[PDB]
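Next up: just one chain, as structure tokens, the form deposited without this ligand.
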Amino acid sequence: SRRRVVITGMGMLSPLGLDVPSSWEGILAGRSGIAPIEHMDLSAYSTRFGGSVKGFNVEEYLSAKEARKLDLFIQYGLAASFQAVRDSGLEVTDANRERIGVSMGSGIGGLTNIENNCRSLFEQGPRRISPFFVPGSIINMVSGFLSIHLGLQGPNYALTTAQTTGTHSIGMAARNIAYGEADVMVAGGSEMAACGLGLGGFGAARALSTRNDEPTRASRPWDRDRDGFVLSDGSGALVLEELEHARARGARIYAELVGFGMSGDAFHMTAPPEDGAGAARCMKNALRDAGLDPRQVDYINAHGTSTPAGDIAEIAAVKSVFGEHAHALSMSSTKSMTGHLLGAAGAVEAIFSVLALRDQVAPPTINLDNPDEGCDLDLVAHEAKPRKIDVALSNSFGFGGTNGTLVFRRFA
């Protein structure tokens, strides 16, 4: 058998806000977090906008001295993690510290740090490389620093599965608790790839929307005018907890994590298969994992990245998995407002999926002015839709054809 896993805490930095409730308020209002990127010369770049975290004060979390040691992506993961744990009311003790672990991930890691240390290296030589360069830049330091700050002695690791990281981190954390390896896990991802390398790298692959004139309209999933994804920064963390452990201490439970799917497309390095065969297997594996019929799904938070091939693959996949239920469920892309947080996309979108359950409302896909050929599902165009939601899926599909699906269910 297998233990049940609930969500007792959530934390977040997004382009919509510095915590969950401010972000969610943005989501439900259909507000864009997308704007031209400030403090950074993007003159020579084909993209000049994205979703930045606005007004982030790391000294709410760390001393200036400790924060100087850590890439922005680590600072963002720590913010969300500290918010989630505090949100949970959990008390770490000598009696439970060994049963509390962390799996916070990143798709791309410490590009901003790598870039600033490259500056010093090329200009002045290696003796100007920071001593904290390595531990301050590597992806497992959100899990590392979090475990040290809070005395967490349970499983300590980090996933890096590109744009699937947040979904894989939360799902595998859920398994840890299910199979009795931990009672609590902090899980999710964080990302800050708005450097020359992030913007330039994705720009060189022409993966990015170049709609510089209207940044808030750039991210337009399933719209016939979409021209690639919008690069966004931030973090999501969830406190996952064994149900009996949660009930014993009188935890507030947001929702239950009932299902987790993984699959490989084995198709292409960056492009999904047109029929979304991969996303289809992943979702079926997730629903089998939950013991649920496709007919029981009410709400899907799409990957919905606003790439030509990605959006269409996901329509094909849902139609394949859900047959005559495909029009009944609501499916929206919150990336229409947040843009694409890469490795943190699945973390924030899991939180939005959980809040859709709490509040019985499907978030909008904004900018969906002219749905493309075959995009005739209920994609919650323009405005939040109040509706019945017992079961919510969150999908992530990343480079290497790596797929992730999470199934959350109302708890009561």
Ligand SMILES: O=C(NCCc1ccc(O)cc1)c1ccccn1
Second form
Number of protein chains: 2
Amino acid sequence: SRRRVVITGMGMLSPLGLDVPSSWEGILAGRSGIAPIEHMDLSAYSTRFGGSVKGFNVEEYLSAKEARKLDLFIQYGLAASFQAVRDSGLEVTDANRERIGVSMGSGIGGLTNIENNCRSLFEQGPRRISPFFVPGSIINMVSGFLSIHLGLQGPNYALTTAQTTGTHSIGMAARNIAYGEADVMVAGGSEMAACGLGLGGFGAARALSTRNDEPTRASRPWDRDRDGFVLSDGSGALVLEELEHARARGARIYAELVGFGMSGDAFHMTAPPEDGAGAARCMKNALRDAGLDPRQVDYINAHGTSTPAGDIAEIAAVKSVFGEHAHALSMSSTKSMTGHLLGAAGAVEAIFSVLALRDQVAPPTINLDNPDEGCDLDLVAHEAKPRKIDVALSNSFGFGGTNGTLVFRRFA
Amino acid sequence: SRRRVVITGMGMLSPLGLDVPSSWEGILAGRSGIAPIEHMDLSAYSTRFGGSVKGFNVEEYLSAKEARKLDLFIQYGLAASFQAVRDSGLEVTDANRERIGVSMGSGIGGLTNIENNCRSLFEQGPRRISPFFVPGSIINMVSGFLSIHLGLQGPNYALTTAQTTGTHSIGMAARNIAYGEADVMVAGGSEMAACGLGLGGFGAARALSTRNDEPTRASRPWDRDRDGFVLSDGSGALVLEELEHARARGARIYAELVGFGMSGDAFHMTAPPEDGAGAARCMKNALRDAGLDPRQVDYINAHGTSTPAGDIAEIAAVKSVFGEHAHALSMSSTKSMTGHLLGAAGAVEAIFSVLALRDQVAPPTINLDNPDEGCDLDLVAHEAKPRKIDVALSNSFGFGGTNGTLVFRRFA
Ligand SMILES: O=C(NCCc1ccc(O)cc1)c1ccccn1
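Complement to the form deposited without this ligand: the form deposited with this ligand bound:
Full complex below, order starting with the chain above.
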């Protein structure tokens, strides 16, 4: 029968820092990680800024010889995974290696690498494609390379559900443990889509903020002057562990994962329905899964992408799920500061949701100068809000009408 | 306790045919779907052949306008999925749509789209990138488009575990139903990596057969003259359904899905361990999941890719798991005929495993002229073998050392 699941380890690369503590300090201080992009020439692009990981040293984790073969999204996924496993204190042994698995996902995966090999192919010929093109680019190789480096022989897989990837990855990994398929899972996501095709492709869809002259103010969830999401890079990883397994080894437990919801909108390939019907169905699934009264929800880490339709849909969904209690909880978008890490969004935001529980503070939605029509909830505008948080919820919505909700609570 | 899961609908595009019955007819006749790749300059490539889908008409499924928005791998996934849902007779209603979900995956995703948008980007700059580039290329859009078209509001996700994708998708969809998160799931995979990038990428790793003079003899699993896998395109979709749900509406039930196993090799990025230790753990996990003794297995659809190390690892794993029963079962690689559909391999091979149960026949391993050292199992060389089959396994072993096994049983 269904086992309980706790968080014993966390790891992160974000536009705010090269680990969890440094990222979280930036979150609580309302600091933006968004800046003009330096790694390529974007003069022909309508968007020239994003959330870059600054000063990442892969040789903190891997040999330069191995790193050369891997896309940045794999390098970032391994770094966050390595941090989370170390943070857990867990020792991998012959006695437990078959019971530890990994589910690290990505929305787009190795687009930089595929673009660079596509350039080699077109300009030179197929004989210049890297021998490592496939294993260095395809999305399942975070899970693959992590298992090879740590000796994890448990369930080994990868989700790809666009902007919902990190949330689904964590939820489904919790279900693996819940149902006895594993005792430990390393789960989350990673993304590095800041190449020509990434910035160009989201640009062609007119999905991105074009506030090139003020990048720190571009990401402005629920602000009436928002004009699209900000593209950001990085990784989140959590060590999920069966409760009795955690208790037995004396693990430090950050929080319990009590609820997971998924729902499809079945509405539109790219647009969320204005009323948030799919997001509402997903949160209600997650709250029922957790055995909660919705009035127990203290904090919501919103998807909050800073799109016109997405941000208002989320207000509508929260009002419909929580009714009068919608006015008592706090809801913030850390994407105000980090931008949109796409497949990694749900992973870093799950970490921010757990840290909201550890520290009893709602992170701010920075840049919320003029809340839009109907955006009249506690959106923690401008400044972190210390407050009682027993139950935190983290939402993600994605292309294909794909929704995920995670429910965390304090563990005593 | 756990709900029972049955197969009530199947759909396919393969190198043998544009549906299940035409593909299966080719399989039992020992026909090859492999041929030189057309309408593509492969002059500078060491491999010039593969398994193409021949005569696919997307306008049987989509308007020209919707099909223009979608990579071939998505078109193929949608074709298989629509076929599977039609084949099932299922009526989607307001009363059941929240209980019907989708998990259609891909190993490599939108390489053909990425290739064509790279052309535009390099030649003319980013403003010629298609608006639909991102939603038209990301792996979760088969699940996304299918859910939107049919109004499916159940779990909506996509796996990407390289050559294991189709097996994991079906297995994890079966878990969703067994543990009551859904009553119906459309599950499987789709793949179209016959671009410069797939042929070039696998070619750079010298992973492909280069037998250009005799494409139909290239894929020769367990034959001493094999020289790597054959790249193939297509899709498989299954309608998975809770047993009481299927019986209440009078569904035609092909077979029961009794067992699902996962494991990680934790060994190498592209090569399996010589003894197939990971594949052995995975099959043992799948049989434990089914409550079955290795002795009860009659038929194995092998991964059987025609790689030197892969084929020999699978013989070792089967001998290890099945002891004195290893010769009694029949094991064949339908990849001898279809080539390797990568992420769709597990989906089309689950369908072939189900049909081996319906028709009491083991598909052939064609081209097995000279079994290699230790390849002395019943590999159904050359010709289909009518025989008793109560229990059929389907194995997938992919990059990152990610393993999947499905156990199907006759239903009466
Ligand atoms: O290597 C790292 N972590 C893995 C720890 C580990 C845990 C269990 C085990 O059995 C083996 C290794 C790392 C490196 C730099 C920064 C953070 N973490």
